[PDB]
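Number of protein chains: 4
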Amino acid sequence: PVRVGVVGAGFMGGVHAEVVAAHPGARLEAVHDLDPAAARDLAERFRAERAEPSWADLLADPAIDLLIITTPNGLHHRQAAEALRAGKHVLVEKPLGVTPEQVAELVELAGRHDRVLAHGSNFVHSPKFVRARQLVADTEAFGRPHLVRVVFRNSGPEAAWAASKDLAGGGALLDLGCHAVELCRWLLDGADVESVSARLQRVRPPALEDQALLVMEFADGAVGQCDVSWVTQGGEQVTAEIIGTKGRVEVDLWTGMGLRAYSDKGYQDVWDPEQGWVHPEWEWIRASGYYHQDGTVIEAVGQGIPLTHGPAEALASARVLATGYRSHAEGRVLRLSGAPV
Amino acid sequence: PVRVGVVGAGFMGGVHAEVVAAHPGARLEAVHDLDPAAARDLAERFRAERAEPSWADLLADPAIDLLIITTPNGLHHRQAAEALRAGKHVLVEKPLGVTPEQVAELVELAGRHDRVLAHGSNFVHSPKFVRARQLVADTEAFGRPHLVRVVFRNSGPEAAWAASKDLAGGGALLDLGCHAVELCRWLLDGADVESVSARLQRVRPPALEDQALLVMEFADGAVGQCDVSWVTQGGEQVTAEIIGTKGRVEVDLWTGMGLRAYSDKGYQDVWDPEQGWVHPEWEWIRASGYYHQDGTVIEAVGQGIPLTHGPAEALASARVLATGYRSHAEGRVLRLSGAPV
Amino acid sequence: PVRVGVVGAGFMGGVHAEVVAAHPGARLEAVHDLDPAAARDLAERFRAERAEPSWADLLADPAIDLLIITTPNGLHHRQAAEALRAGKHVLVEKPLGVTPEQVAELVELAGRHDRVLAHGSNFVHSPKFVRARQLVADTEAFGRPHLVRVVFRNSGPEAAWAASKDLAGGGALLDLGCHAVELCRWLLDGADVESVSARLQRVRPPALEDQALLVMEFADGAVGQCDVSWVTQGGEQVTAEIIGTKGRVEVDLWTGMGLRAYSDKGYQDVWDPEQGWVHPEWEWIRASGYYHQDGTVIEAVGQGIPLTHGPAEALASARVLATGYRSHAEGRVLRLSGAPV
Amino acid sequence: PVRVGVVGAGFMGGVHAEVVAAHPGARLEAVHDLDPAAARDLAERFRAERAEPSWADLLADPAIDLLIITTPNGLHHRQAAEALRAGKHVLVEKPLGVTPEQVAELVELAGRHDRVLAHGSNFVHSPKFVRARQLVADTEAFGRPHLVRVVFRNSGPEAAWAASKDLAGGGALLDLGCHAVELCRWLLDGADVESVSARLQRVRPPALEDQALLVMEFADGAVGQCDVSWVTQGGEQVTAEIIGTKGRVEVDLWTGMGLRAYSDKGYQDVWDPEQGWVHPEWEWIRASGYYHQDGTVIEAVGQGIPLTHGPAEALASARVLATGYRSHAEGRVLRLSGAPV
Ligand SMILES: NC(=O)c1ccc[n+]([C@@H]2O[C@H](COP(=O)([O-])OP(=O)(O)OC[C@H]3O[C@@H](n4cnc5c(N)ncnc54)[C@H](O)[C@@H]3O)[C@@H](O)[C@H]2O)c1
Ligand SMILES: NC(=O)c1ccc[n+]([C@@H]2O[C@H](COP(=O)([O-])OP(=O)(O)OC[C@H]3O[C@@H](n4cnc5c(N)ncnc54)[C@H](O)[C@@H]3O)[C@@H](O)[C@H]2O)c1
Ligand SMILES: NC(=O)c1ccc[n+]([C@@H]2O[C@H](COP(=O)([O-])OP(=O)(O)OC[C@H]3O[C@@H](n4cnc5c(N)ncnc54)[C@H](O)[C@@H]3O)[C@@H](O)[C@H]2O)c1
Ligand SMILES: NC(=O)c1ccc[n+]([C@@H]2O[C@H](COP(=O)([O-])OP(=O)(O)OC[C@H]3O[C@@H](n4cnc5c(N)ncnc54)[C@H](O)[C@@H]3O)[C@@H](O)[C@H]2O)c1
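Residue numbers (UniProt numbering), protein chains in the order written: chain C, 4 to 209, 227 to 361; chain D, 4 to 209, 227 to 361; chain B, 4 to 209, 227 to 361; chain W, 4 to 209, 227 to 361.
If you are wondering where the hints come from, they were derived from the structure by calculation, not from laboratory data.
Any given hint could be a false lead.
As the list claims (entries may be wrong) - Each computed DMTMM-like pair below joins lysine to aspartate or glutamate, with the alpha-carbon atoms no more than 25 Å apart:
hint	chain 1	residue 1	chain 2	residue 2
1	B	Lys-285	B	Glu-256
2	C	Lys-285	B	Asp-284
3	B	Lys-285	W	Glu-270
4	C	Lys-285	D	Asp-240
5	C	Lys-266	C	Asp-195
6	C	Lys-285	B	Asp-289
Construct the entire structure; sequences and hints are all you get.
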């Protein structure tokens, strides 16, 4: 039985807490957060063994097998490192690291300590995305993939820390792009990136990029687009399309639920938009990959099953983003080495 | 651990076998089928303890706690009765009975033997339908429901037995209407039916009805429509709409998955239509309510938790259908007693 | 050049005025309305020769070739009769008459005076509905039609007169049903109605029906449904579906425009809902059949071309509704003669 | 009455012939084509005054006021020049020119001869796109536009000439991009482009690009994407999305018609895909902008009304594409001058 501690009790701490609570092969042992009231809140919502106000004490506890790190991005590196060094397995919310060396160093460290290190690329475990990838891999029907596009848009992060280079490590390209990139590669069966191009925008007044377009050229000839935004109203969008020589497939997470509803007021449990026509959500957490992701990690820690999607894939997406940032600066298409095509 | 035997190893035996095999609180003990090779095959797909070629022996086994009956409708009454008399809990695939007296007799019987009797109204446990119901019950946003419509259409049953009055008990009105009716009433919080009206059609040449419309007048003033068909091409449809004084809720099961795909050929894993634009499916079993339904039954047997949706609800739908059949024959709107409004 | 006068300057007077103004083969000569300020308004918006405050004077004018009657339903009979007797051709907004004898009498009268009498069954001239009918008539692809359903729903008429039996002649069944029925028959190439069944509802507090379901059985075996409502929020709905032995076709007028838009505020020229996700409209008038309808009438008056869709079709739909009203009262399925099937 | 000659009697000659034949303010005088049987055939479909086998004779005819040039792109420059020099007004199908100097030279020329020169940017006159633009220009609802994306994809041109650099002038970027670019700029009220970035692909084996992405940075801060493909199956796509600080607008031409249909066979009048679920089309020519475009040109020639959208706009799009081609070659983001940002 896999004994889990959740580091950081904000939005994603809550998502992971729910999943763990529900997983028969695991137990929610601890909730930690710099703000101890937020940790208590959550230990209670999900019947965690305790709320741990102390980081040192959390790491020292020999009962905890696995930590899930859902703190701001700037902190991932330091805490994942500390947690591995304390002998705990770690799942870190994306971005696993704010730079490729940070990621490389964590992967290296996990090995030293013979630990499972996983990252929060949930959409790659989303049952509907998994299905989508099967269909593109159906060569008779689909042919050779030549285009993949992933769109991730919302009205921006609300936590202050996401506004700071020091705390967030990056703007919308890192927050959302990391996922879009990870998905583009995964959808094409781990395609090798040969070049990267990107432009960034600051749409909102004063600074981190709110909107970005990143484009990858892959070995097989295909091209991948990542279009992400902090600055799009009317509801979170997560979509993808893959186009081949013979087929197409299209995936829609938040408006592909099969539910529409209308009211003047707003419906009790329907985030946003509240009013008029909305697309209520059902099993959002499952649909998004979290149950499956966490289950994989739990099965990995519990019975040394290898991860289907490992932190090497985080290193690749980090290199892509780093190269994307540099491409924007220089106004050029670059190879992963930083060199101008 | 709830020890389960699956009676009838066709299509739905397989669906239920899967769900049981995955449920940590249950074990798939036996698979029975008049055709023993079909039972062997399924015991193997899903690692059942054994294939039981004998019905008497199955009933006599004190190891089996619960039977799931997935045989043709004509056989439900007799086998559920026999199984209850042998002291086994029973989940019967809908229609629970081919007439209201058949249903009544089974409910009575289960009480006599202090047994859990459940029926296969899966859509009522479908997470997206559950969500839909919450929204209609949100009186501030939705207001008073005045119209509910459920549509169930396909290109007709593939098994020969579905062509026979003795084996099927009925045509499309019983095969599909049962579900549509059950949903209408459940979506309106168990609304009482005061009248019923129906017309049936025989679209295909020679006989059981292959298309039907049934309309219910409810106590609170609302009207429910059930539109079902065996004779609709281009893919199974299951949709629902609820309309209130203030709101609307629309639900779409088979084309509310958020996946579209196109090929000339057809995609290896995609039932039908095969070619051109299709709407592939993800977790169809979960989406349809089966994991949740069966979980409720397993929790009901395992720790005497009352069923959220019991066989009383099957008696009501049976009365509605019986009344529907009679209404068509007489050309009139009827009360549940058979009397002409 | 066809010289036109528009009787009644409310909503539909405005629609017809626009169409006429734009038609190269016609001229907008006069606008009449009991309220002369409303007539002046409209003569001005669309550059009509004059506003005519007097009905007697309007009828007497030898310049006017054609009147378009867009007054409340109770008045159609009397004014169409007066206008025909004055030698003017007439297009009457639906319902052409509030009863079948009223319709029969007008058709008879038009003949006496050798006049073109047309009615406002615009959707039957809607280019997208026309296309839909071609596809159903494509026997190789579609097969034999066995089901047709037309849905017409909105949040109800806003003019007071629509609340009065004397002024409106009927509730939602007559206001909306007339169209739905007309469309069902037309979509199936003028199918003969063998029976009719209907239930009506009063959803809003005190009285005319706000919501109705009417069902037709046709000669060829097909069944038609008309589902109409004054009591549906979130935006006017006009949809249709036809299902055959081999095909299906689905038609969507107001959310089949290919435009979505989102705002908090509301967008200047986007009726309703105003706020959140909306489906703006483009060329609504054309899309709805009015340009084509009126053009047919103009071509009929201008160069004695026969009408593609005549006022005989209004007599049939009147008989259907009359029989629908009676069916509801008696609780039975009826033949067009009033006789109980 | 504006007397028109249609140069080139292929697909688009036919589209334009139809529109002209229907326009009360114009007459279809002549059809010319190097292939005189193709010209005869079209003169007949649409009741043209004559088929003109000779180009010199066509230009010399003082009866012809306006030529519509629907020949392959390579020929536009030479024939528009010759036609202007002969004193004829000209509408040239896009691309107006195969390079900016070609376009510039034509604009210059038309001024010299006091002639109306228009180009075939039809989507810019598409009523549904016009509507879309109003909505984005609704600053209260929409805010400041920061992203515009136009997608144009199909399975590639069917005429042989489109395979040749000399005859086509270019691949998919010029054939489709021209329209996508033109739309991006028009949707943002004629926005000034400050930089351009592009990658091209050759998906099909041996050469002209069959897929492209082009990205524009505009003066006001906004970013435009043009995604075009010759190598996308399952049906022509033409879509657009505009995103602002407060709103979004989405437009869909070919699957925003509100018609769906299904058959096994294929429906007699439904291009492609033929089989399974399709999206039949209604008034495709109107919906695409051609009636309105040609009407503007006819009103411009007939009564010297300035064009709402002139050939200056074609020079801008040409500069963008030229810059796009160069950007791909150099691997860099460029200014319109060719200089590296
Ligand atoms: N998978 C996804 O789709 C997704 C979605 C949103 C966010 N995220 C990622 O998840 C992580 C957390 O995001 P979130 O939106 O829940 O943020 P949040 O602001 O809602 O939660 C963060 C919490 O951590 C706390 N915290 C701050 N410093 C800390 C410290 N030193 N030790 C412990 N706790 C500390 C804060 O008080 C806050 O309660 C981020 O890395 C982000 O990139 C992922
Ligand atoms: N709720 C739903 O979603 C849903 C969907 C489909 C079917 N069903 C229901 O499930 C039931 C079975 O449907 P199916 O599609 O699986 O039929 P099927 O043809 O696939 O399977 C029937 C099986 O039962 C076996 N069988 C027949 N008579 C038997 C007997 N007397 N004893 C033991 N085994 C016997 C057959 O050999 C066959 O293997 C039906 O009652 C149907 O109404 C429900
Ligand atoms: N085709 C459609 O889809 C559609 C839609 C709405 C209404 N209609 C029909 O069109 C007709 C008019 O509907 P509307 O919504 O414009 O109503 P409206 O109330 O907007 O307009 C009616 C106008 O006629 C005037 N009027 C009243 N008595 C009159 C008289 N004796 N002489 C002249 N004018 C008089 C009123 O002052 C008002 O200005 C109705 O018959 C209705 O059934 C059709
Ligand atoms: N705006 C749009 O929506 C759109 C759509 C499709 C095509 N187009 C454009 O329209 C133009 C024609 O396209 P199409 O698809 O009709 O090509 P097509 O193959 O259908 O027609 C070309 C015709 O021109 C004739 N022709 C060739 N050379 C000629 C010459 N030198 N003089 C006279 N006639 C000649 C050919 O015999 C043929 O009949 C192209 O420039 C293309 O870019 C525009």
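Now the hints, each set against the structure:
1. B/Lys-285 - B/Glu-256: 20 Å, holds
2. C/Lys-285 - B/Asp-284: 13 Å, holds
3. B/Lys-285 - W/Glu-270: 18 Å, holds
4. C/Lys-285 - D/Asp-240: 23 Å, holds
5. C/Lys-266 - C/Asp-195: Holds, at roughly 22 Å.
6. C/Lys-285 - B/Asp-289: Holds. C/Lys-285 to B/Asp-289 sits at ~22 Å (cutoff 25 Å).
The structure is consistent with each of the numbered hints, conforming to all of them.
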